[PDB]
Amino acid sequence: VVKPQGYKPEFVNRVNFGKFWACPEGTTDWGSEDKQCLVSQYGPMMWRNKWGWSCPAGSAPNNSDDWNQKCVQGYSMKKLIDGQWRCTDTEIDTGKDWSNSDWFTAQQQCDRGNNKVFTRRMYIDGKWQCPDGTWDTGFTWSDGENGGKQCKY
Amino acid sequence: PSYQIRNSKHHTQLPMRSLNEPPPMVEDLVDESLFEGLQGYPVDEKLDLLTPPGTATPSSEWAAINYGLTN
Amino acid sequence: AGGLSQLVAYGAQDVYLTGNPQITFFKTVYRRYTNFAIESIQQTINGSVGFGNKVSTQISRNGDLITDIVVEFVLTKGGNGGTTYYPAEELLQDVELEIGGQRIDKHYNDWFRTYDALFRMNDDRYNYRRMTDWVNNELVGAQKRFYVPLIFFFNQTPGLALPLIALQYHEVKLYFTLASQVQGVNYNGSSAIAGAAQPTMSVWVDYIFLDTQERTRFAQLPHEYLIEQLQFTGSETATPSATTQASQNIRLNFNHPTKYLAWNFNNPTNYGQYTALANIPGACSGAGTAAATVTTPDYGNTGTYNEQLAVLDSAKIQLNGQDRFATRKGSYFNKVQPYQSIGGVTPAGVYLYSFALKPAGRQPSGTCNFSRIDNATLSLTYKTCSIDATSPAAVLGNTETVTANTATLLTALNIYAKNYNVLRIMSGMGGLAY
Amino acid sequence: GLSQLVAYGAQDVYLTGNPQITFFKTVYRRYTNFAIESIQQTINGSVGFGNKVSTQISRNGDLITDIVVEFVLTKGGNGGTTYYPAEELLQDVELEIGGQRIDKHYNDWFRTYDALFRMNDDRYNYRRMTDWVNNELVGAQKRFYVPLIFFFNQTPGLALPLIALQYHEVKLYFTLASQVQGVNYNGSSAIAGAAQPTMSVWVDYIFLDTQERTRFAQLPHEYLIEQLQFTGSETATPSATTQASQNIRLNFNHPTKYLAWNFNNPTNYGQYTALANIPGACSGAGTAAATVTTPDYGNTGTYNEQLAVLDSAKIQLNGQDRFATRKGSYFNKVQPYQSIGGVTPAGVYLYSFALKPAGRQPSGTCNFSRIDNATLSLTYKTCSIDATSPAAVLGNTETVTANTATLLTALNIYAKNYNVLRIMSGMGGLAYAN
Amino acid sequence: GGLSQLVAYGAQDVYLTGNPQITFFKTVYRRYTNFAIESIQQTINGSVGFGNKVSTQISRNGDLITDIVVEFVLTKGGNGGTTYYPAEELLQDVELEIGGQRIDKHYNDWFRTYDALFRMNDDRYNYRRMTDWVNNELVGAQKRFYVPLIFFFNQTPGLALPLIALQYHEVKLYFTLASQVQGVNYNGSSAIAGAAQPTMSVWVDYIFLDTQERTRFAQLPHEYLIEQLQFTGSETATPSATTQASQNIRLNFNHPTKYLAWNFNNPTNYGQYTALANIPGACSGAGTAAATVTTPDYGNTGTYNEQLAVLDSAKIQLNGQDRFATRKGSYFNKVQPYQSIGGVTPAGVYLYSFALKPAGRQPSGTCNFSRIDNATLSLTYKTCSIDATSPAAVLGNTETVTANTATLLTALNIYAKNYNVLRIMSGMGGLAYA
Amino acid sequence: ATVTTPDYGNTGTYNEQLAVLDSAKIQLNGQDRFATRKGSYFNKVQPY
Amino acid sequence: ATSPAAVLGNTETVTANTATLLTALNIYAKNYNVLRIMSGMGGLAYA
Amino acid sequence: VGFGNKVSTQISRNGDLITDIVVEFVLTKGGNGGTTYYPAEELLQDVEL
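Chains as they are written, first to last, in PDB author numbering: chain C, 98 to 147, 152 to 254; chain B, 218 to 288; chain E, 2 to 435; chain D, 4 to 437; chain P, 3 to 436; chain W, 293 to 340; chain H, 390 to 436; chain F, 50 to 98.
Honestly, the hints are just simulated from the structure, not real lab data. Heads up, a few of these hints could be off.
As the list claims (entries may be wrong) - Straight-line C-alpha distance at most 25 Å; calculated DSS-like pairs for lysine-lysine: (1) D:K359 x E:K359; (2) D:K317 x B:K226; (3) H:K419 x W:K336; (4) C:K179 x C:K253; (5) W:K330 x E:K174; (6) C:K116 x C:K100.
Sequences are here, hints too, so could you generate the full structure?
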C-alpha cells in the first residue's frame, strides 16, 4: 500500500531584484528561508512570528484542517496608515472591517490583487513615501520595467 | 544586465561535434545549432527531464510569451 | 598540390573560422534516447457516417502517448476527372479537439485548404494532394481511399505528444463534421448526383508505447505542453465592383500571443476557390474554349497563382487603430510574406502576415498578444472588378488595381490566427491554462 | 479526485524571468582546419556490360565521404526508351572494409531509395545525373554520375577514417548490369552496335590538419552507421479471379530503422506498376499503337495507385500483428507523408519503425535480432481490369488492378538498420554480426 | 502491437537507447529576447527610370535590420514568352555602403546565378513569381515585382545589421537600373515604343529590441562574420566549329572563399547561359517553321539541357598546382550542387565549393585566396560543330560538342563568395579586411 | 399583410423561426466557458 | 417572410429576410454589490 | 447611417489621451441657397457621452 498525501503546498524561491531580494510577482513574501514564497492559493500557517501564526504577514486564516492550507494567499489587514485604517492604494478594501464579520472573513480584508509583492507609494505624509506597513524598496516611476515603488511584505 | 545572454542558435544544415566528447555536456543536447535530427528534453537519471541552464520549461516559455520577460 | 595546397595556406583571416576550434564536422555524436514503439490503431466511430452527419471518436487508452492522426475516407467520383478538388478535405468539414470535456482546438476544411496552400510545399504538397484527391485523371465511378492527416499541434510532433497515460481520468475526443456536400462526389455544383455513394470513414491514431521507466514517469508527474491553437471567424467580404474599390475595416477578434494571421477570400459555393473565374486556361470550367463559363471553376484546377484573379489590392494590420506595419499590396501578403517566412509558394487569393520569424516552427519566434489589444483591426482595400472575365485579352493584359468582373463572387472572407497556449496535465486530469 | 491540484491564478507571472538567448546575433562555431579534394580511383577488371570490377580506395587523404561513379553511355534508341540507365547499369555495389562486407546496394535499391527518400529538385537533379531528360535521341552521349549512398557517402559526420585503418584496406566491388534498357537492349532485343560504357570512380577526400589528423590516426573510433539488408522473393502473383495472399518470412537482424519494398516486373528496370493504355502507362499509351505488355520506358514510374498490386499488408512480430492491417496506399502514401515528407511512386512501399527514417539520428528501431518470427503478410489486388481500355482502369475500384499487373512477379524487400563500425589499432569491422 | 517491438530489447540496443540522453517526447524551449518587426518604406534619391542610378539610405527607425525588398512596377512590352525574370534583369546591381565603405555588391547576373544554384523547388518558383510574369500575361499587363536583396544581413536574423550600434554611420544602397529590360522596354536590340518607366520603392524590415538587448547593442563592441561577393567579368575563349578552345583565367580574388561560381553568357540576352537551338524551348519559335537560333525563347531562356552548355571541362589551380583533378562541366553543373546544395542547377551554370555546405551561413571550409599568390580557373570548351537549326543534330550529339550558336556565349562571369568580418565600435562600422 | 411593420399588440412570439441566433457561447478571457449551444438552448433550455 | 410556407416549413439554421431588421443588440448582466449604510450615509462598496 | 437612425462608436485606446472629436458628414442640397440653416448641426440631433 502507498501512503496518501495532503495539500503539499507549492513554494517558489525569492529573486534578486538588484541590491535586494523579494518574492516574484505571482507569489507572496511568505514566511522565511525554507518557505519564502507561496505559489498556490493556500499555505502552511507558518509558525514563526514577532512568535504567532497570523498568517503570517500577507495571508489570512480559512476554516479548514490540514495546517498546510489554512491561510489564504493575497491578503493583509487594515494596517493603520497615518490617521486612517485604509488599505494601501493598490489594495482593495473588501469592506470586512472586522465588526461586521466573523473571525475568518474579518481577517481577510484587503484582497491584494496584482500587488502581492510590490505596491506603489502613498501621498500620506505629504512626501510620497513607502506605506507605513511595508519595507522601502529603492525603485521609482522613472525606473523602467520596475513599476513597484517602495514596498515589500 | 546581469544575465549570461548567449548568441543565437538557428537550424543549421550541418552536424557539428562540440570538441568535448569525453564529458557529455547537457547544454549541447538542446542546442539546435549543432544537432539536426530531432529535439528532446535531456533525461537525467531514472528518466527525469533535466532542464539545462538557459533553456526553460514549457510553462516558463508560456509565461515569457504571454506575460513577458524581465530585465 | 591537391587539397593539401589549400589546407596549408592558413592566414590571419582564417583565425575567425578555424583558430581555437570549438567544433568538428567529421564525427557525429548521436544522442541516446528512450525506448519507444509506434503502433497504428483504429478508433471506434460513433454516430452514423454519411454526408452532413456528425460523428465522433474517443481515443482509446491503448498506448501511452499519441501524435499523428489520420482520418480515412472512401469516396467515389460522381463525374469525370476535373470535377473534384481535394474532396476528402472538403468532406471533413471540421474537427474539434476536446480533452477532459474542454474544447482545446477546432479546424475547418477551409483551414486545412488554407494551411496547405500556405505551409506545405513541393512534393509534400503533391503527396498530400494524392491522399485527398484524384490526381491521375480518374473517371466517373472511380473509388478511392483518402487519408486526411490532422494538423493539431500533437499531430505534428512527438515533442508535443499527448500523454494519455497521464490522463487517468480524462478522455480525449475528436468530433468530426462531415460536409453535406462534396464537389464531384455527391454534387456537381448545385446539382445532387443521383446514385452517389455515402462515404466510408475510419479514424486512425498512431500511438507511442513507452518503456517502464518513462511510462511510469508520465503517469506520475504533472506535464505542461506549449501548444498551438487556431482561432477563426468568418466575415462578409466588402465585395468590390466594376466602378469601385471597396474597403473594409475588419475587427480582429483574436486573443493570445498570435504567431501569425492568415486569410483568404472565397466563393463559398466552390470549395478551395480563392480567386475569380476567367476564360483563360485553368481559370474556369471549359476555359480557353467555346464551352467556357465563368460561373463555374474547373474544379480539378481550382487553385491558381494568377494574382490577377485575386481581390486584395492592399492591406494593413492595425493595433488600436495604429498601423502595425506600412500598407503593402495584396501580392506582398501572397508572395513575399510566405517567401520570407515559409519558403513555399502561396496560391492567389491566400494571404499571410507573420508576427513570427519562423511561423512554421514549434519554438516561439515573435508574437502579437492580441489579448492586450483592445481594438485590433485588419484594413483591406479591394481591386476594381472591371475585367471582362470572358476575354483573355482583358484578363491577361491588365494592370495591378483591377480584377475580374467575376471576382465579385468571392463574397466570403476567412480570417485565421494561430496562437500559443499551455495545456496542463496534473494528477490524472487536464485542460488549458487560460 | 482526492489528489492535489493547483489553481494557477498567476502561475505564469510566477514562472517568468530574464531572457536566455537573443535571435538577432549569431555566433558561428570555429571549426577544424580541413580541405576537400576529388581524386580518381583505379578500377581493376574490364568495365563493360555484365562485368564485375573493383577499386581500392587510395590513401590520399585522411577521411572519405562522397563517392561518385561516373559512366558514359550512348542512347541505343530515341527519347522514351531509357529509364535511369546509369542507375540500372550499376547492378550493385559492395563496400568491404578489412575484408568484411559492411554494406551492399543494388540498382533496384537505388531506384527504391530514390523513389522513397529523394524529392523535389534533388530527385530531378538526380535523374539528370542518371538519365536523359531533355528528349535526347539515338546516339546521344552523356556522362552520368551515380552517387553512392553508403553511410559515409551521405554525411561528413560519418566520414570513413582511412587514416585510422593503417592495416586494413577499403574496397568497392561493382557489378555492371548485363543489359541496360534503351542503351544496349530494348526490352529483350539487343541493340546492334551499342557501345560499352566508360567508367570512372571518384572519391572525395578530406584532408585534416595536424591535431585532428593525429587523433584519428591514433585513437579508437566508433561510427554509428546504416547497413542495407536485402533479399528478393517470389510474389504470390494475383490474378483475374483472385486475391492472392502471402506469408513472407522476413530474414532480418539488427535494430532496423525501416522496411521498404516493391513489387516489380524483372523484365523492365524500375517497373513497379502495371501497364495500361492510359497516358504514360505503356509504350504508345493513349494511341492505337499502345501495347500494355511494354512500358513507356521514359515514363516507367507513376503515382497512379490503380496500377499497383498491393491491396493491404501487415507486419507480424513473433507471429503477432505489429499494427492493424492497412491498405497498400497507406504504405505508399501515408507512411512517406509522416516519415519522409516527399512523394512515393505507386508500387513502392514503406513501413517505418522510426519517427524519422529519412535522417541519420536514431529515432526508434525494431531489433530483429531479438525477434523469433518476423513475417510480412501481403494481400494482393484482383487483376481483373482490362488494361487496354482506359475506362476500365480509370473508373475502377479500390480492390482491383490491371490484368497486366500479374507481370509484377518479383518482390524486393529491403531494410535499413543501425550497426557500429569500429576502428582501432589500424583495423576495423562491425560491432555486431547479427 | 507496439509492445512487441519494445520487448525486443538486447545488446544491440545499448548504443541507441542505453542511458538515454534526450527524450523525443518532450520539447525544450528557450526564452528569447522580446522583439517586434515592422515594415518601413525608405525613399529613393535620384530619378527612377531605365539606365538611371538611384539610391536610398536606411533610417534608424528600428534597431536592427534584415530583409530588404525592392519593389518595382513594370509593364509588358510584348506578349507572354517575351520576358525572363525582368525585375531581376532590371535591378542591374546593388551596392552596399556603410560609413562610406563599400561592404558588398550584387549584380543582376549574380541574382540569376545565385538563384540557379541556391534556390529550389517552390522557393525558386515563388521567387520567379515575384520577378516575372508566369501566368501567360499579355502585352500591356502590369505587375508589382519584389526583388529581395541577398546581402548577408538580408538572409538571416542572425546577421541583423546593428543600425543601433552605428551612431555615426549610415547604411546606404545604390541601385543601378538596367538601360534595357527584355520584354519590358526592349525586344532583343529593338526598343519598345511607348514603354513605361518603372516605379520603384525600397522596403526595409526593422527589428525592434527590448530595453536590455538595446542596451547591450549600444554598449558592447560587435563583430559579425559576414559574406561578401567578389566579381569580375572576362572574355570567353570562344570555341568554334573546328576546335576546343581553352583558357586560363586568373582568379583575382582574396579572403576565405566559401565557393566559386561561374557561368558563360550572351550579353545581349539576360540569363542566357546556353546555346540556342531548334528544340522546344531552346530558341525563339523552337520546334517550328518560324524558329530562329539567333534569339531565345525568352520565357524559357533557362534550361537543364547541357547539350547546349559551352564548357567541356574545368579545374582550379592554386599557385600553378592542380587543386583537384580535372572534371567535366557536367560535374560542376550537376554533381557539385547535388553534393553541396541539394537543388538543381540549369545548364551553363557551374559551381565549385570549398565548403562542405556552401548553402548555409556557418563556415564549413574555405579557400583563403589571401594566401594564394596566383589562383587560376582553367577552362576547356566544347567544339561548336552542331547545327542548331537541325533538332536531330543537337539532340543526338556527343559529350564533347555543342551548338554552333554556343559561340554567342562570349562572356564569362566569375564569382567568389567569401567571409570577412564586420566590426562595429564607437558608433562606427567597417570591415576588418581590405 | 406587411412584413415591414409588426402587429404591435402581438409583437412577442414563441416562434423561434423568426429569431436570429443560430448559436452562442460565453467566452471568458478569450476561451469558451462552455461548449457552443444553439440559440434555442439560451431561449428555451436555460430558462427551463 | 411574405410566404407562410417559406417560414413555417424551414430549417434550423435559417430565418426570415426581415430578420435583418433586428440590428440592435442589448446585453445585460445582473450582479451583486454591497450597499452599506452607516452614520446616516450610504452607498456602494465597489465600482 | 441615415436620417432618423441612431449610430455609435467606441473610441479605441490608440493614444494615451483624447481631446477633440470631429464628426464628418456629407450632405447634399435638396434645394437652392437660402433653403438650409446649419444643416450638419441640425442633422446631428443629439450626442451622448
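Hints and how they fare:
The suggested pairing of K359 (chain D) with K359 (chain E) holds, with an alpha-carbon distance near 21 Å, which does not exceed 25 Å. For the hint pairing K317 (chain D) with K226 (chain B), the CA-to-CA distance comes to about 42 Å; that exceeds 25 Å, so the pair is violated. Under the criterion of a C-alpha separation no larger than 25 Å, the hint pairing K419 (chain H) with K336 (chain W) is consistent with the structure, at around 19 Å. Distance hint between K179 (chain C) and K253 (chain C) is fulfilled; the C-alpha atoms sit about 16 Å from each other, no more than 25 Å.
Of the supplied pair hints, the one linking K330 (chain W) and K174 (chain E) holds, its CA atoms being roughly 21 Å apart against a limit of 25 Å. Between the alpha carbons of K116 (chain C) and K100 (chain C) the distance comes to roughly 44 Å, so the proposed pair goes past 25 Å and is violated.
Hint violations for this structure: numbers 2, 6, all remaining hints satisfied.
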